[PDB]
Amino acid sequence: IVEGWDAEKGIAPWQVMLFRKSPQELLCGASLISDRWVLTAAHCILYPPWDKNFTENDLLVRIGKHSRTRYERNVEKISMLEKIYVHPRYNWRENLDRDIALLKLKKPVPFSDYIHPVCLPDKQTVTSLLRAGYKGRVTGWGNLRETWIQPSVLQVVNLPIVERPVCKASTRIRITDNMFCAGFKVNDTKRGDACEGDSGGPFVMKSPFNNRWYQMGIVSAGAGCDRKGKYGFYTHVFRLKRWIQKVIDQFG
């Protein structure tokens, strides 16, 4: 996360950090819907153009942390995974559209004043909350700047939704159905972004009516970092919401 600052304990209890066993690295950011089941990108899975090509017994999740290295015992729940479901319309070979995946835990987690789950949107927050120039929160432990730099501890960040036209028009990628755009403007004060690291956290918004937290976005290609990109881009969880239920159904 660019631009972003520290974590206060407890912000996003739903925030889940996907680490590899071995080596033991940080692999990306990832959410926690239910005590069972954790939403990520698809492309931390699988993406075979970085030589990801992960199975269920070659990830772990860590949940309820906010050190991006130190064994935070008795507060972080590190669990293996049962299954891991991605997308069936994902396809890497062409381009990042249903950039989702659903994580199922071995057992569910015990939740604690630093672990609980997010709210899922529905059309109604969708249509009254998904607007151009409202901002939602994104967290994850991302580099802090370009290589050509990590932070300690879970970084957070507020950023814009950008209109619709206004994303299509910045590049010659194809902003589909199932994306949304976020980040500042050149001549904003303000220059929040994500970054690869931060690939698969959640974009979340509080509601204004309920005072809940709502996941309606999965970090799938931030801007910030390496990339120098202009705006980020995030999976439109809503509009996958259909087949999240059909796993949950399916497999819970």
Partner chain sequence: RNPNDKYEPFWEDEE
The other form holds:
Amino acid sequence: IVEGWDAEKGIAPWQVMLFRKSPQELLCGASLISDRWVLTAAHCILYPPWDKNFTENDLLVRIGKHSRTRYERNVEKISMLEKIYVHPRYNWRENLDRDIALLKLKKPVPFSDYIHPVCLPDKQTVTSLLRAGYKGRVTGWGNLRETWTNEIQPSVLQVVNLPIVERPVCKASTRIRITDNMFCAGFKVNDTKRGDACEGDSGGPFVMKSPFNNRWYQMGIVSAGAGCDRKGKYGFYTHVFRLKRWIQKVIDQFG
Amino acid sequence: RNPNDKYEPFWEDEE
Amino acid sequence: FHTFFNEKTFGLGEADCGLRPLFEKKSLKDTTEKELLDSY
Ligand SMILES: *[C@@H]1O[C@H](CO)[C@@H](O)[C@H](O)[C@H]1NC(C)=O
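So that was the form solved without its partner chain. Now I'd like the form deposited with its partner chain bound, please.
Let's see the whole complex now, leading with the same chain.
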């Protein structure tokens, strides 16, 4: 995350770390939606151009974490993955349309002060909170700044608040063909505040707290942060609700 | 060991 | 809150989804949710 700050313990109990079994390596962020299911980005699992095609066996998730590298005994939980489901329409060749994937946990994970699920959104939640200007929150252990110039890897989880941005404005900020399945967020050029998600924050959650019920909802999945080395105007996120149906089709049907 | 492990080992307290 | 999934295919959690143990449940606030609220 660029231009964010140290997360408070338990500020985002649904934050998950997608971890490569060997070489042990942090791959992406992810979110806990129930004690058996985790959401992350499809490109965090599959990307043919770089030889990436992970199976449930090569990966692992770490839950309830704060420190990026320490073993948080008695606090974090490690879980194996039973299966990985990448949206069958995931577009990696061109624009990441449908950049989402579902991971079923080998066993249910216990909730605690540090492990608690985030709500998915419904029609009402979308149309009332997903609007230009409204700020959402992104969390991650991605890099602190572009590479090659301090220290770039955080030692603890990071948070940053970002404002959604008008679609037409998102579309005109890139040659990439944007779709209804995604949305962008971030401050403007002349804007005083920067703050963005970087590459290692991919797959993580974009969440908004309802003013109604006080419940947090995950509106998007970091699909293409615009920070650090990537630099583009705004960051792009997979539109969770827009994919809510595929999420049931997968769940109701496989676990 | 240790500086050879970018991440502290995390299997204790397991299964 | 009002569910949407079947507990036996989705596991536990939905019903109480979205409420943080160390913040909401304790009537406590994190250092910056005001910023988010203010923008709504
Ligand atoms: C890797 O994914 C490719 C491209 O999506 C698919 O054809 C293949 O079945 C996957 N790897 C194997 C052999 O399991």
